[PDB]
Amino acid sequence: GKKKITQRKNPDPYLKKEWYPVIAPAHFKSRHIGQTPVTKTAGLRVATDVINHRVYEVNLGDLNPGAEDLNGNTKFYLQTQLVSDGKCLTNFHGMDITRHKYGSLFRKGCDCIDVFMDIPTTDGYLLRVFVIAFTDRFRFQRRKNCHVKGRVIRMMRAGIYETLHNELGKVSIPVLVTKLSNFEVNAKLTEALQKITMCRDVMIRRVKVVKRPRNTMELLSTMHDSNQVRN
Amino acid sequence: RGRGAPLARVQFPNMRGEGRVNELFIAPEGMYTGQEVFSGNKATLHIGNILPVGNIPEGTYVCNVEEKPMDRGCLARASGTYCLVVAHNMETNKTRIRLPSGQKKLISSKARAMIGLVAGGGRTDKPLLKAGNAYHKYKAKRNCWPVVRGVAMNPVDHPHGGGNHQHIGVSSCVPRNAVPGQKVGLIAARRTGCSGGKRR
Amino acid sequence: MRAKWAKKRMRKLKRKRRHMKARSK
Amino acid sequence: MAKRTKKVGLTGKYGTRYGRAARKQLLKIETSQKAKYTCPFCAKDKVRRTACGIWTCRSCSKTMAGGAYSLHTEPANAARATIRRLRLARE
Amino acid sequence: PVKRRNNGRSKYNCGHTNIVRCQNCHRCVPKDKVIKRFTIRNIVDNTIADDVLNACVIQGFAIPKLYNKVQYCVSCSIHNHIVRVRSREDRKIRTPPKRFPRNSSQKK
Amino acid sequence: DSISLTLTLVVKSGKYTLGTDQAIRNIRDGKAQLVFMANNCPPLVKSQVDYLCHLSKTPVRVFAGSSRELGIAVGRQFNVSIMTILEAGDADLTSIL
Amino acid sequence: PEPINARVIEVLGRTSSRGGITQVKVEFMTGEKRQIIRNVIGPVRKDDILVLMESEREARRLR
Amino acid sequence: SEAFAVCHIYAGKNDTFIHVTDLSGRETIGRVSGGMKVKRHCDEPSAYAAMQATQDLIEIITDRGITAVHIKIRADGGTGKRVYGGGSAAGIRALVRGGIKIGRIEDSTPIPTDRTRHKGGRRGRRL
RNA sequence: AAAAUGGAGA
RNA sequence: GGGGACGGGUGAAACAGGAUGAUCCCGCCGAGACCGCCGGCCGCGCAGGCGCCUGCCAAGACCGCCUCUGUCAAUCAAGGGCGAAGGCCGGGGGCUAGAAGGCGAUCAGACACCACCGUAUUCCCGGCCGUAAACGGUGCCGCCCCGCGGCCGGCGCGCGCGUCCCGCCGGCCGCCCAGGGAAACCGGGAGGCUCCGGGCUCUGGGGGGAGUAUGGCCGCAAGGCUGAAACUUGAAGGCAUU
Numbered sequence: 009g010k011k012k013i014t015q016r017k018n019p020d021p022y023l024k025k026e027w028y029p030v031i032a033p034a035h036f037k038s039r040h041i042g043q044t045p046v047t048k049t050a051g052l053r054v055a056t057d058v059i060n061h062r063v064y065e066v067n068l069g070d071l072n073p074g075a076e077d078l079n080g081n082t083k084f085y086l087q088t089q090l091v092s093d094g095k096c097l098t099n100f101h102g103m104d105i106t107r108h109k110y111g112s113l114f115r116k117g118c119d120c121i122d123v124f125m126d127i128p129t130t131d132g133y134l135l136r137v138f139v140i141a142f143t144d145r146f147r148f149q150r151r152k153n154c155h156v157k158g159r160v161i162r163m164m165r166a167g168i169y170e171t172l173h174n175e176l177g178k179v180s181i182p183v184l185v186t187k188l189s190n191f192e193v194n195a196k197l198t199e200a201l202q203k204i205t206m207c208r209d210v211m212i213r214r215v216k217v218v219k220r221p222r223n224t225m226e227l228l229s230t231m232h233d234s235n236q237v238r239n
Numbered sequence: 052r053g054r055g056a057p058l059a060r061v062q063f064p065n066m067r068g069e070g071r072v073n074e075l076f077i078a079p080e081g082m083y084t085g086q087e088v089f090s091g092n093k094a095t096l097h098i099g100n101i102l103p104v105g106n107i108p109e110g111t112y113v114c115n116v117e118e119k120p121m122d123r124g125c126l127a128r129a130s131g132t133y134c135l136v137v138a139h140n141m142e143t144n145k146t147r148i149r150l151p152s153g154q155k156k157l158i159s160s161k162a163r164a165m166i167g168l169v170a171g172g173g174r175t176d177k178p179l180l181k182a183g184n185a186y187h188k189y190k191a192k193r194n195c196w197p198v199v200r201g202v203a204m205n206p207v208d209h210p211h212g213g214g215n216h217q218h219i220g221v222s223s224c225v226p227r228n229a230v231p232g233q234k235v236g237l238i239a240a241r242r243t244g245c246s247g248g249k250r251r
Numbered sequence: 001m002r003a004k005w006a007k008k009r010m011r012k013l014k015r016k017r018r019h020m021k022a023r024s025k
Numbered sequence: 001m002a003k004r005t006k007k008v009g010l011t012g013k014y015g016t017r018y019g020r021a022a023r024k025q026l027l028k029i030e031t032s033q034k035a036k037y038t039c040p041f042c043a044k045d046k047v048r049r050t051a052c053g054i055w056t057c058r059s060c061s062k063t064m065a066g067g068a069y070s071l072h073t074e075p076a077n078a079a080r081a082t083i084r085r086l087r088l089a090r091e
Numbered sequence: 002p003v004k005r006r007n008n009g010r011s012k013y014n015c016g017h018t019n020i021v022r023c024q025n026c027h028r029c030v031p032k033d034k035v036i037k038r039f040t041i042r043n044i045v046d047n048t049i050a051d052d053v054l055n056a057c058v059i060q061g062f063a064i065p066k067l068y069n070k071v072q073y074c075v076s077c078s079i080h081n082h083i084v085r086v087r088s089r090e091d092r093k094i095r096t097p098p099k100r101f102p103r104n105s106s107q108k109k
Numbered sequence: 012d013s014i015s016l017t018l019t020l021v022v023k024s025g026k027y028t029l030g031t032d033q034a035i036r037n038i039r040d041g042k043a044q045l046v047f048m049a050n051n052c053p054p055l056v057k058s059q060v061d062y063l064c065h066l067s068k069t070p071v072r073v074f075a076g077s078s079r080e081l082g083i084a085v086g087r088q089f090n091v092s093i094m095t096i097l098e099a100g101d102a103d104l105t106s107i108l
Numbered sequence: 002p003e004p005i006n007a008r009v010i011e012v013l014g015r016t017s018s019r020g021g022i023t024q025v026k027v028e029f030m031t032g033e034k035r036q037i038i039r040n041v042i043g044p045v046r047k048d049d050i051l052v053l054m055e056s057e058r059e060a061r062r063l064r
Numbered sequence: 025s026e027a028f029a030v031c032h033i034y035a036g037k038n039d040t041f042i043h044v045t046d047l048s049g050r051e052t053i054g055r056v057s058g059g060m061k062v063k064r065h066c067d068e069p070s071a072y073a074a075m076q077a078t079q080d081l082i083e084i085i086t087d088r089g090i091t092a093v094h095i096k097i098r099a100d101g102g103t104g105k106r107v108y109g110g111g112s113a114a115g116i117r118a119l120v121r122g123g124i125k126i127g128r129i130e131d132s133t134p135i136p137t138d139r140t141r142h143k144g145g146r147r148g149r150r151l
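Residue numbers (PDB author numbering), protein chains in the order written: chain SD, 9 to 239; chain LA, 52 to 251; chain Lo, 1 to 25; chain Lq, 1 to 91; chain Sd, 2 to 109; chain Ld, 12 to 108; chain Sg, 2 to 64; chain SQ, 25 to 151.
The hints are all genuine.
Mimicking DSSO-like on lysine-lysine, the simulated pairs with C-alpha atoms at most 27 Å apart in a straight line are: (1) LA:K181 with Lq:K36; (2) SQ:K125 with Sg:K34; (3) SD:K116 with Sd:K70; (4) LA:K177 with Lq:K24; (5) SD:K116 with Sd:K108; (6) SD:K17 with SQ:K61; (7) SQ:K96 with SD:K216; (8) Lq:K6 with LA:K181; (9) Sd:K32 with SD:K157; (10) Ld:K57 with Lq:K44; (11) SD:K109 with Sd:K109; (12) SQ:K96 with Sd:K70; (13) Lq:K44 with Ld:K26; (14) Sd:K66 with SQ:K96; (15) Sd:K109 with Sg:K34; (16) SD:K37 with SD:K11; (17) SD:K109 with SQ:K105; (18) SQ:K96 with SD:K25; (19) Sd:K99 with Sg:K26; (20) LA:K93 with LA:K161; (21) LA:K177 with Lq:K46; (22) Lq:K3 with LA:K177; (23) LA:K177 with Lq:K6; (24) Sd:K34 with SD:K152; (25) Sd:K70 with SQ:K105; (26) Lq:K62 with Ld:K57; (27) SD:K109 with Sd:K32; (28) Sg:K26 with Sd:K109; (29) SQ:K96 with SD:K10; (30) Lq:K34 with LA:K177.
Just so you know, the hints here were simulated from the structure itself, not pulled from any lab data.
With the hints as constraints, model all of the structure from the sequences given.
Written out as structure tokens, the structure reads:
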């Protein structure tokens, strides 16, 4: 419940070590991610430096307490960009859907739709959002298989790219984490795509940062506790 | 005249005197008469620029890299040759460089080089053909042509010398620490012969 | 695969004849 | 026409001498050496080889630092786009 | 003496296909001659499911369910008994036997 | 598809003046609707046409590329570096905006 | 570490390819009711007390 | 207040390695393997191997202060195997009998998006 | 894991 | 960067890895191939063949039509155009497998099978080769059929409008009724045929010798393509029953 090395001697390689608390952005209400260990600075290594740039995996359920139905599938990778008060302050790095749910999505009788889209964040983090959706049988279709017609599939690939463009074309990472966590955007995609044709599991498989700008100091402050100014 | 490799004259605004200073650069392929090579610490990676190797990103094709900072040009100058920054490591301000031959060496980040392969590539593929092309080729270089083999010369001249039947007489591999006159055979061979190609 | 190890044997026999026919002439 | 049926026509200028490997290899390289490629700015196929490495196009009146035997050597042609990739990524 | 009308393949309106290698044999097999049984299995063994479920630190957790395809070669299938050679009457029976709708790699 | 189709559409119905000098003359009097210039444009034409176009408000956009290719697009073997469009025959949807 | 007393709730089947082994379904006579199939040699009957086990080794019912 | 770290456990046809590490995984709490406990090459990845390897090191992770662990079972994956190894689940069983507590379990098998040539020849392995 | 013959001719 | 002695490999073993710290665990990166599950009695295409995302260019087949053309048709020597892999010829490239070649370990030999390296190759471009169990072991264009169901392409049919039914279907097919077949089996034919005669190219004539010899042609070569005999000797073979 407290830094393990501070009180406990530990093993001979670990006899000299440290334990620093990691704090998530405000969007994850359970800010604590726990504690990550580093070497106590002996001058060979700055204690702060190893903490400044390391990415720690937190599943949505650990990141915020909530329903398991919407937590296990969404994994958030958080990479710190700054160390203050002897604590790691994490920043958005990426999200991934677990191999479990992606495996469940795959089924015979439908052809998957996979579209890779590029988002220019107003902040400067070029973000690549990958979207997967699937086909499901018509309620009263005479045939078991629901493979869509080619005309619809050409429309489907175009449809998913739009809406992703409207929702994410002009939004910063502070807006983006909330739109991925709320699943509001994933749903918005379903409404537009649903009218075109029946489609299932319209979810973003993963969103990863191709390039993030230097000096994300303002963003780090915005993400950590500036929710008061923005919604 | 001597170097098959193209030489490119580029003039820069002299910092002090009004007149422009003219400097000869080994030509990187893709350089065009009238190209403006922007060169400096903040110069981009467009082909032809001179910039600090550390700022150049990983995997780039570079020519005319400098062995130590400001050596005014050192490695990778030959026709068709290139060097690649394997990683701009910041651990000791030292960028990794893969030399044209393929060894892995390191240079201080403050070393500078030109992006783009040295021009004139494929020079040795064409057979020289007629020996005369060789007399003309070496007419711009050293008087090293034509070469006389060791077993041909009379014994007072070459260590390989000549026996009754033009036999080398002993093993070509001669030690690294041999007297200047002795080192006439293959120097310090680690493995003679043709093996599994040359790749292991 | 006897057919393969007969056919290619025949080809080795055919090649032997070519050297024998030309070198001798 | 087709005065010498064998494909070794540019290199028929040698005759029986110089082996069969060298003459064939030379045919491909020599034809590439005198070929008219298209200069980038002129966009017209008027380029020849002034001397090994430097090639110029009569119309464009510009000298391109190309390869010894072709305006665009195959490895450089790739490096071109690889510099473009790193650059576009940088900003 | 044609053995099967399908010829071990479902190739119709076709001439050539892609090759997937046996997990056991490593033998390349065209997609047509490969068994392709799809198997759903829980990542933990069923025996220790109880103690790991007992260690449910996160609320409402469920076992990791793995979706994978098994594609043994023809020779790999018979020796590992994925399928068994059958008689002329049994040759046309298009169903896997021993029911087993149970969800695990081992049929238990 | 549309940009190339427009090029063929202008050749049959619209008035197209091929060649750099002719373009300058058309732009100066204000008899200009669009200018499509290939990538292999000498930089001077690119800067001088930019100034000339800005004053006459004439919208200009780059061609996909190759002055030779712009030539193939207007049906002419001869290279066309910049093609002024006057009285476009059937719409100017290609012009950006 | 002590051989854990066990209750042979039932006998399963004779295996090992010579029939010599008779793996049986078991439950802990001492413990929080741990129950697992264990490998047994020699004669076994239900309600037997097997006080000869380390508990960790686990057998299986597929045969 | 609590603490947890990832186990990053690996299964093998030759030998399993259990390497409990922390958050990122850059910093390794403890390293153990089944060869270090047994003395036969065939039983180095055996079912008894994992059970013996854990618990022997579980005390060091408890002393290091990581009571809770996150098991990320990994089979050889990539070109071959795909499914879990023989001694994979055995390791979780012995540590779960120990006080270690598991929040979430994930599969980290390095599945390939269109793989490189499968090792061995076109006839596979004619053992 | 290895694991090779079986003279002719009723 | 962490950490701490084993790691590889198997059927067991060993060959080579590793306290200059391997395996392992994460980040960061560099090329080069590959496009996973979805992925099919699915579809496409003259076949060989066809699976990354974005676009772009020329099509193809299809169905529907009160759209002209008016026999422009079928099969086709000669003549062309393609054609998997492997091979070759020069470059480029080289991630993995890996003809050779090396090892270890097997067995009286292990030349091999199996482990571990590893060159050519594989990938791309520009040419040559022109062959495969290139097989549906079944040339093409027609006609007539016996019913029961799928899958894909349109296009109609009424129906409380649901990928609802029902046809027109063009293709993908499964089982199969007579009929046929030495049989096996085919029956969207291999049937309508000893009651043996729509059209048109190809091919065969016991098993060897022999795809050999000899010419010609082709290829850079490897090889291709064309193609006998002297002599042998009684079966070779086909599908089925125990």
